[PDB]
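Just one chain follows, in the form deposited without the named molecule, and it is written as structure tokens.
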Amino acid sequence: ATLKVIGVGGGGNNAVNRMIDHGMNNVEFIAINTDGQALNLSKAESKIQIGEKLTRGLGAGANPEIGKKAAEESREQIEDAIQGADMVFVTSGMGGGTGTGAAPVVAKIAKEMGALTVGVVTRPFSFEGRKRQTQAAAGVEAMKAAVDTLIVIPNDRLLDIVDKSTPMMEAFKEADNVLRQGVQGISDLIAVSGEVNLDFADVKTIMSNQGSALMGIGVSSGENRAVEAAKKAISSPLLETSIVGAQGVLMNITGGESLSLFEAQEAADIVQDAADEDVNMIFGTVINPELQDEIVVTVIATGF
């Protein structure tokens, strides 16, 4: 199953560049922008410049109608770059001109083409003002009605989880953790055949046309290693929705040879309780003898 990560706008490409510098293998990146000046500094193995005649190589100057029309008009090259993909993550800063307008349509392209399409967008800092927060909003709703399932990140939460000293690029990286977690997690299920296996059909089942989504990976060792990992796993302070009310869950548990039944049940109960609802849970496990004292819980939860 081939996974493609698509940045749309400068935000999206920064997202991409950081994720490359982090090193993610067996995921194919695509950078997409109106701004040529940007794309020239992207590390993406594949780049697509859109709205060329609309903007002559400049960004969309905070009118999304431009990013929209731009992409809608470079559809065919986009499609060629997409093709061969089973799942696509569409990543974008909402509020700009390019992202807000083009991103909803990259994903609508991606959905019609048949891909399982996950939106991962940022809402902007309150300090960017009301007007941007509203353009951002319009984007997010287009993105919701355009994808299978959407992840939203109000940028303001960074200010809540950062200390007064943290460089800006660090805060943005911490926001990247969401995308990195989903991508690494799914990539990992797909690549490994478990004792109780999860595969891509399960991903399709919990993620197709489900609205809001949470994606986590939690890692821990110690006494309560399984409760602690499942608790790390299901908890971003960076999201718009919590886990509560979830209606679909896919959950994988990876451990060494001492992975107990009792504690697999314990992590699964962390989750099942946490939704506060009768869930459709699909459950899987992997015993990786390399792993010594630590376990990793991968959780993907939708249905809000």
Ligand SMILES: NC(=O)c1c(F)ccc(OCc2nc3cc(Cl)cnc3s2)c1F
Second form
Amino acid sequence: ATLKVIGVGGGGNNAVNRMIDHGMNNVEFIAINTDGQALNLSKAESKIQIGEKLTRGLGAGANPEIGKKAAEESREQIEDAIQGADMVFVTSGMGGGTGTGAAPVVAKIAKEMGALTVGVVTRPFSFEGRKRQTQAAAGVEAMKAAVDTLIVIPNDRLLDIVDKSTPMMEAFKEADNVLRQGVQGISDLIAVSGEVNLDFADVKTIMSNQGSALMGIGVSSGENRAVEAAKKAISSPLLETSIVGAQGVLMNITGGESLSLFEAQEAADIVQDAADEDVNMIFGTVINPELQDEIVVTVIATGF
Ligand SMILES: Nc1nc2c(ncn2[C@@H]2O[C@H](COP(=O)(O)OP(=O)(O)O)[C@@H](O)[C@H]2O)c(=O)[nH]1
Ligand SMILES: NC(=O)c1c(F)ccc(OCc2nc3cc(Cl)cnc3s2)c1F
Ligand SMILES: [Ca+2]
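Structure of the form solved in complex with the named molecule (previous: the form deposited without the named molecule):
Every chain and every other molecule in the complex is listed next, the one we just looked at coming first.
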């Protein structure tokens, strides 16, 4: 199963750069921008410049109709870079000319290519103004209508998690983690055969043609570890779509040899509970004798 991550527009291309610096193996990156200046600064291996005729190497100047046309224009170019993919992650910052327009086109194409297509998009800060927020909203709606599942990260949520001196770039990589853990998480699942095994078909079942989505992970050790880790995996300080309301959950617990049946029920009860719905769950377990005392709990919840 081939996963590609594609950032669209400046923010999404900054996400691709920081993820890459982090080192993400077996995932192919694709940078898409109208602004050739930034694109040339990408560490993405596969680089597509969109709307060259339209913008002449510049960005879309806040006009999503430019970014939309620009991606339509280079449609074939995007199709090729996508080609061979089983699952694609389209990541972008809503509210600009390029992401708000092109990203939903890019996501459309991916789906048409038969790829499981997931978007991780930001909503703009309230301080950016009312107009940029309305434009982003339209983009989010377009995203929803082009994807299999969507995660929305309101940039305003970052204000919840910083003190007055936390640098902006440090607030940003906090947001990076949502997508990054999502991708690495789904990558391990595929890679390893667990003792209660989940695979890409289980991923497809839970994420295809859904709507909103939650992706999360929690780590704990100590005595309430399972319940602790499970709480963290559905914790949503930066999330717009909360766990509550969820019809479907794919869930996995990784621990060492000491993983007990009892603590696994504790963790699952927590999730099924917090949804406070009749969750159709797909459960999995991994035993990594390396892990010893740590417990990892991972969630993909949809069906709202
Ligand atoms: N969280 C986050 N948001 C960003 C980042 N860069 C840009 N944005 C947001 O995305 C919106 C669009 O900006 P950008 O993606 O650079 O413009 P575009 O290239 O024309 O799509 C802005 O209003 C910002 O809220 C980033 O690095 N992190
Ligand atoms: N039982 C299995 O087949 C298996 C495995 F052998 C290794 C890892 C697994 O889960 C890894 C994940 N990590 C994450 C992170 C987020 Cl943010 C969301 N969902 C997931 S799923 C599994 F489900
Ligand atoms: Ca597996």
